[PDB]
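Take a look at this single chain in structure tokens; it is the form deposited without the named molecule.
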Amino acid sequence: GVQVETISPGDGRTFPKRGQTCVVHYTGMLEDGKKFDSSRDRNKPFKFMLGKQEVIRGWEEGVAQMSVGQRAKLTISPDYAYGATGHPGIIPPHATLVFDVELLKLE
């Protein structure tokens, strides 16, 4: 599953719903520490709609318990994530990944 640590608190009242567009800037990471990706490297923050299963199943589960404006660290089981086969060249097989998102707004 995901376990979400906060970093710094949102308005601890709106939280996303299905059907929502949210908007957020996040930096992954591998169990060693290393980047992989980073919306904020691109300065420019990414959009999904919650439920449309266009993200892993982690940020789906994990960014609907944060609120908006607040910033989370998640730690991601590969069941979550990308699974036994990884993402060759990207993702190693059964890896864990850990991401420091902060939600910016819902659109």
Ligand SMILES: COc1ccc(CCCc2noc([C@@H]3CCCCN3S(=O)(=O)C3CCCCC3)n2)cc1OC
Given for the second form:
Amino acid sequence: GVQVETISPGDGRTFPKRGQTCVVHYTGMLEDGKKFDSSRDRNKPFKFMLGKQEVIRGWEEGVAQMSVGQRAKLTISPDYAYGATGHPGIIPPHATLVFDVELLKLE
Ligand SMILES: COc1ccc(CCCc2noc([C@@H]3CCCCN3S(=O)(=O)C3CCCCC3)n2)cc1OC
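Next block, the form deposited with the named molecule bound, ref. the form deposited without the named molecule:
Below, the chain from earlier opens the complete complex, with every other chain and molecule after it.
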């Protein structure tokens, strides 16, 4: 599934609810540290809404455990990521993913 390890704590009180928009910054890496994507590189947070199949499952469950202000490492098994297909040219088949995620805001 998904493991969450805190890099810097959030407020411990403001957690994402079903149907809220999560605003984050992330960097995604393969297990060997190779970077496959980063919102920080584009100077523009990523947004998604819980409960709408908008993100891979490990994000849905992992970001849901975070509170506003938290920065965490999410380690996601391929069943909870891109599985056998991967993402063409970017994420290989059967890849465990590591994300550095910061939950900036709920809208
Ligand atoms: C619940 O499962 C599914 C539900 C929905 C889909 C559609 C795609 C949703 C999605 N798009 O991006 C992503 C992830 C996580 C959010 C940040 C962006 N990334 S990312 O890992 O960095 C990715 C890497 C390849 C290049 C594009 C960015 N999730 C797929 C699902 O499973 C395969």
